[PDB]
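Next up: just one chain, as structure tokens, the form deposited in one PDB entry.
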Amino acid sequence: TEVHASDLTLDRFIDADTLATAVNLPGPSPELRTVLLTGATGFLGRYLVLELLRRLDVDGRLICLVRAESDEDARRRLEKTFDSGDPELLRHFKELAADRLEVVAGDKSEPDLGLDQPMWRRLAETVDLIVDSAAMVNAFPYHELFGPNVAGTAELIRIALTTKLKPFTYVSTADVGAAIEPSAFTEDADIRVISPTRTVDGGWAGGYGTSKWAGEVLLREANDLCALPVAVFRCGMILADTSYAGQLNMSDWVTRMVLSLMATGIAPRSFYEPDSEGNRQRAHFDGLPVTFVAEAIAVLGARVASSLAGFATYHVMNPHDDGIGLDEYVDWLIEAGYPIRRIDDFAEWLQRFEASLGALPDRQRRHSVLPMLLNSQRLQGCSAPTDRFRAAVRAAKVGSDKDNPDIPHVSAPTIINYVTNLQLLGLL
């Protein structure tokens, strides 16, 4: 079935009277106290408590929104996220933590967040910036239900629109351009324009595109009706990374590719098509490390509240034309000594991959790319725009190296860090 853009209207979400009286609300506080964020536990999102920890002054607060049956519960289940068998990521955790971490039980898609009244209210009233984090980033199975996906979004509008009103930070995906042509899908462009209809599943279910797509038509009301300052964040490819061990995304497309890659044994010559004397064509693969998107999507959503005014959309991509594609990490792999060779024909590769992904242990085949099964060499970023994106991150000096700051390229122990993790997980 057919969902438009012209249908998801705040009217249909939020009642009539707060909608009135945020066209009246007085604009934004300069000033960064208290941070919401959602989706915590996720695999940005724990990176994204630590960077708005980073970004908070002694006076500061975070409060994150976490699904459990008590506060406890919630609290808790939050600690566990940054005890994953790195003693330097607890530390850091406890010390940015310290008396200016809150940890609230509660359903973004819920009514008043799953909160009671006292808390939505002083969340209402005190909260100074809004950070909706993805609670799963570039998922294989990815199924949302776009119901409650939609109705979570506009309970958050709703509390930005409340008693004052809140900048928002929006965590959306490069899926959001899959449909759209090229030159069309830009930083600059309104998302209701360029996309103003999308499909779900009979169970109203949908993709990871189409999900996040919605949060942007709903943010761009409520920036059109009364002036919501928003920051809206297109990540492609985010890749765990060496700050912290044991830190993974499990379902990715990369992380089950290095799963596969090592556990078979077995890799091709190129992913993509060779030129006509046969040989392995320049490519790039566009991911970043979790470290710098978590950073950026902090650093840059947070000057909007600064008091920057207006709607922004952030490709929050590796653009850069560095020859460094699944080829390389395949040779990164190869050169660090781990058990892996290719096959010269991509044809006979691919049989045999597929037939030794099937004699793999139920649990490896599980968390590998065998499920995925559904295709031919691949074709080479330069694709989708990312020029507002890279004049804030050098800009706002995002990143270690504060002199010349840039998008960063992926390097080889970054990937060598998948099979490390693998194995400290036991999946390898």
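Take the two forms, find the largest set of C-alpha atoms that superpose within 1.5 Å, and that set is the rigid core. Numbering follows the first chain given and starts at 1. First, how it differs from the form deposited in another entry.
- Only one entry in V316, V137, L219, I191 has its C-alpha moved by 2 angstroms or more between these two forms when the rigid core is superposed, and that entry is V137.
- In a rigid-core overlay of the protein, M237 has its C-alpha displaced by under 2 Å between these two forms.
- Annotation for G206: C-alpha shift of 2 angstroms or more between these two forms, rigid core superposed.
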Second form
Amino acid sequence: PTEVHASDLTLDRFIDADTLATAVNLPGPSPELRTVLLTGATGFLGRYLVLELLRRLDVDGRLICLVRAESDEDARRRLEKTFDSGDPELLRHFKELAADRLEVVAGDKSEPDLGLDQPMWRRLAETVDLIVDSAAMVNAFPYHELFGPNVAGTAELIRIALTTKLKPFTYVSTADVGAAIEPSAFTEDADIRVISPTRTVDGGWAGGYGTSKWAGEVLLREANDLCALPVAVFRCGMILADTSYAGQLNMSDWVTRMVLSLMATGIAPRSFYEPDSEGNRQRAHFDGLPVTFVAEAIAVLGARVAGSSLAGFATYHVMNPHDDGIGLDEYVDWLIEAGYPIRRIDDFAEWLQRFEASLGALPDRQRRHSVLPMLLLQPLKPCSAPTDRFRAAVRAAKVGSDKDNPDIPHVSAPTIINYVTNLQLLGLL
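Following the display of the form deposited in one PDB entry, present the structure of the form deposited in another entry.
Next up is only this chain, free of partner chains and other molecules.
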């Protein structure tokens, strides 16, 4: 348990003085993105970013993916394996997109030079036109990279972005960055260093993800101060599996574990939320977005280089802002109405203690995939995080399905039922 100040996350603590001094005078980057470096390709959002970035590259484009592995071919197999989820069309689509344009290299972004050979590192510094940093897949508790190695990895990527030629930098962040912040200060335009100058590291497994992402944003703000490096920060809410391909889930995230838990225990509460002022089921909204939308938004908006501002730093709140009354209770409604073996326990006190107990009664393999590890708690109190810049950009860049009146989508029943479908495909239900 220790305290970190944004002011101590200066680039000179990770990058040599010569590189930093030279970056000041480098010109703005070329808007033409032919070589893209992607981290986190084996993670859930990363996989969809692989597809979206390959679709956006030309026949001469190249996508270079850094993957933790024993060797470059081990890395290639690990990444290819994540697209082998029981959907023949996904594998077919991936292979055709990747052919002659996907390069997978073994490395650890938290290590010096990304754990890469110096010839490879130098080719990256000389040829990469765009850096995309997404969340790598961590299947063990607490399901994310610890603060130290994560900060080290962002700094290493910034080193590449600052060497030889400046490189636009897309950074996947999280709504959780705003947890320690009054909502009226937590805007897309605010400088993270001003509104969130101090944070506790190791302050509970829940807050570890937000604090590690906070540190990356601070380092990118420092890079942007130094040389106007074009940066695009995407603070994402919960990213949902969707119906585009079968078998594609983030097994580590809370929603996947909760759907498994509800189905395996068979018991749901009357409401996950405090009753409203009349004692009724409270109007609530869950901030989730389908991964296909999120990946497409990040790709389209992260490619704004010629149209980046003069100062060059953009933050987008990739969040579902709707006051639509679609929250966790409606997700449970949909599962029950689909005919799944879930019953509600009307007394909430009865539910939470029977639910935690029922999880401990599951077979070992299910227990590990449930919310029980995260348990080992009260009704939830239910639009505060502004999305003005993201939502306006969704309309202008025509992100998503509807190219006529584009807007941020809502969550609908097929997405929720599809979690059960995928979990059954995996043999976990």
